[PDB]
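The complex appears here minus one protein chain, its other protein chains still in place.
Here the chain labels run A, B, C, D, E, F, G, H, I, J and K in written order, and each chain numbers its own residues starting at 1.
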Amino acid sequence: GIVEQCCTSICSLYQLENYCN
Amino acid sequence: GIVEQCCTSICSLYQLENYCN
Amino acid sequence: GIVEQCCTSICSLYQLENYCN
Amino acid sequence: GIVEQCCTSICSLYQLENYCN
Amino acid sequence: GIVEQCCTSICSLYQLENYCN
Amino acid sequence: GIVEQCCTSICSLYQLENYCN
Amino acid sequence: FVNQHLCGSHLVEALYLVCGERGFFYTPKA
Amino acid sequence: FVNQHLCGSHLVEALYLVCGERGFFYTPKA
Amino acid sequence: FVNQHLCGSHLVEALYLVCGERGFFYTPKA
Amino acid sequence: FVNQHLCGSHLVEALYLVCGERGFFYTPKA
Amino acid sequence: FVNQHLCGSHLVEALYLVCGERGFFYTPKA
Partner (left out) sequence: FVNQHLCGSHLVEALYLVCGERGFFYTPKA
């Protein structure tokens, strides 16, 4: 998931917006 | 909400577990 | 300054990028 | 100690209570 | 205490070293 | 730099003062 | 365990510590 | 904005700064 | 993205997240 | 509650949330 | 070095940074 991708690889703030309510 | 119970008022670590999936 | 715009007042993540080199 | 166990292995909040005053 | 000197009032990094073992 | 030295090796608070304005 | 005032990012760090692997939901609108 | 390597509680901090009051869901893998 | 009140160390953590590898400057005197 | 992998300053945060006002002692190994 | 207001978890993170390997004690009741 996003939690794993951010830590094993990298993620952007735009990807993280997919998880806002 | 969680904010009215933990921020405005005070809450225990047990009350925080109600917001865990 | 950054403090008057983000702390005293509110600011967006975009406004924070003006302080990046 | 508790400081080393939590970081090399894992620890629980109940174990951490052994260090409260 | 440390709270009355550092939180209520202000303290220097040197004053914080008095609470180190 | 200081950012890399602190993380690959170690740094002191006195070295970090070289970066205050 | 004790009771405290938990606000802002301090509140979600608490949620992370308590829930851990279970995950959690932060809904201030609730 | 730039790409970031976020692990542990540092990821929930980033979620809190991006979502703010909108709230968010933290769901790590099983 | 949303707007928020960011004060103290919370403000510089936000600067770190937004700027990242670009670096940043924190000048409250400005 | 769940088991947690706490290192560095993340451990002192957890101690502060568990002990609160009771206070606590942080004593890492020699 | 400078003087500041350090409260809550921000205060113990400061104690962790200053004391480090020496360890420290947080006793608000004192």
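Note that in this section contacts are C-beta pairs under 8 Å (C-beta built on N, C-alpha and C of every residue); 3 or more make two chains touch, one makes a residue touch a chain.
Touching the omitted chain from chain I are residues 8-9, 12-13, 15-17, 19, 21, 23-30. For chain E, the list of residues touching the undisplayed chain reads 13, 17. Although one chain is hidden here, its contacts on chain F can still be listed: residues 1, 3-4, 6-7, 9-14, 16-17, 19-21.
Rule of thumb we're sticking to: only the chains that are shown with their structure count from here on.
Against reference pair G-J, the listed pairs J-K, H-I or G-H yield one interface repeat, H-I (criterion: more than half of contact pairs the same by residue number).
One inter-chain figure worth recording: chain C and chain I are separated by 7 Å, centre to centre, where each centre is the mean of the chain's CA atoms. With centres set at the average Cα position, the gap from chain B to chain H is 19 Å. Chain B and chain E, compared by their mean Cα positions, are separated by 30 Å. Along chain F, residues 13 each make contact with two or more other chains.
The set of chain G residues touching two or more other chains comprises 1-4, 8-9, 13-15, 17-19, 21-30.
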